[PDB]
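Single-letter residue listing:
Number of protein chains: 2
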Amino acid sequence: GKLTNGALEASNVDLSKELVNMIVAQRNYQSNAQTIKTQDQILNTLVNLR
Amino acid sequence: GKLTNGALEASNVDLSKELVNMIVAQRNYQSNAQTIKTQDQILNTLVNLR
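Chains as they are written, first to last, in UniProt numbering: chain L, 354 to 403; chain G, 354 to 403.
Wrong hints could be hidden among the right ones.
Calculated pairs, SDA-like style, for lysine to any residue (alpha carbon to alpha carbon, straight line, at most 20 Å) [what the hints assert, rightly or not]:
1) L/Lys370 <-> G/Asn397
2) G/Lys390 <-> G/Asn374
3) G/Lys390 <-> L/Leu368
4) L/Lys370 <-> G/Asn401
5) G/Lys390 <-> L/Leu372
6) G/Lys370 <-> G/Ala386
7) L/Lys390 <-> L/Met375
8) L/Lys370 <-> G/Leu399
FYI, nobody ran anything at the bench for these hints, they're computed from the structure.
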């Protein structure tokens with residue numbers, strides 16, 4: 354491509370696009386963390402069974 | 354061209370052509386500036402959504 358004497362390039366980031374992905378990723382992290390509790394409790398019941 | 358003597362060139366600027374360009378340029382400026390307000394008031398929603 355061609356150059357342009359006196360210009361810069363912007364930084365490619367849409368802020369309104371990035372501020373909604375964090376809302377999805379935080380709930381993703383929380384729903385993943387909510388599986389360790391289920392696993393831990395089904396282990397603890399098998400330990401305190403006998 | 355011809356070298357006419359005893360006479361000078363004028364400015365070629367038509368005043369009634371320039372006094373109505375200001376009206377449409379000021380309306381264009383105001384319509385461009387009202388886009389910053391609606392871009393800001395939709396980012397003010399997403400920064401308070403959480």
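Evaluated hints:
Distance hint between L/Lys370 and G/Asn397 is fulfilled; the C-alpha atoms sit about 14 Å from each other, no more than 20 Å. Distance check on the hinted pair: G/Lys390 and G/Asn374 sit about 25 Å apart at the alpha-carbon level, beyond 20 Å; violated. For the proposed pair G/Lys390 and L/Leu368, the alpha carbon gap of about 16 Å is at most 20 Å, so the pair holds. About 15 Å separates the Cα atoms of L/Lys370 and G/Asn401, which keeps this hinted pair within 20 Å; it holds.
At roughly 19 Å between alpha-carbon atoms, G/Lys390 and L/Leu372 fall within 20 Å of each other, so this suggested pair holds. Distance restraint check for G/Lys370 and G/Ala386: the Cα-Cα separation of roughly 25 Å exceeds the 20 Å cut-off, and the hinted pair is therefore not satisfied. Using a Cα cut-off of 20 Å, the hinted pair L/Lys390 and L/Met375 is violated, with the two alpha carbons roughly 23 Å apart. For the hint pairing L/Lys370 with G/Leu399, the CA-to-CA distance comes to about 10 Å; that is within 20 Å, so the pair holds.
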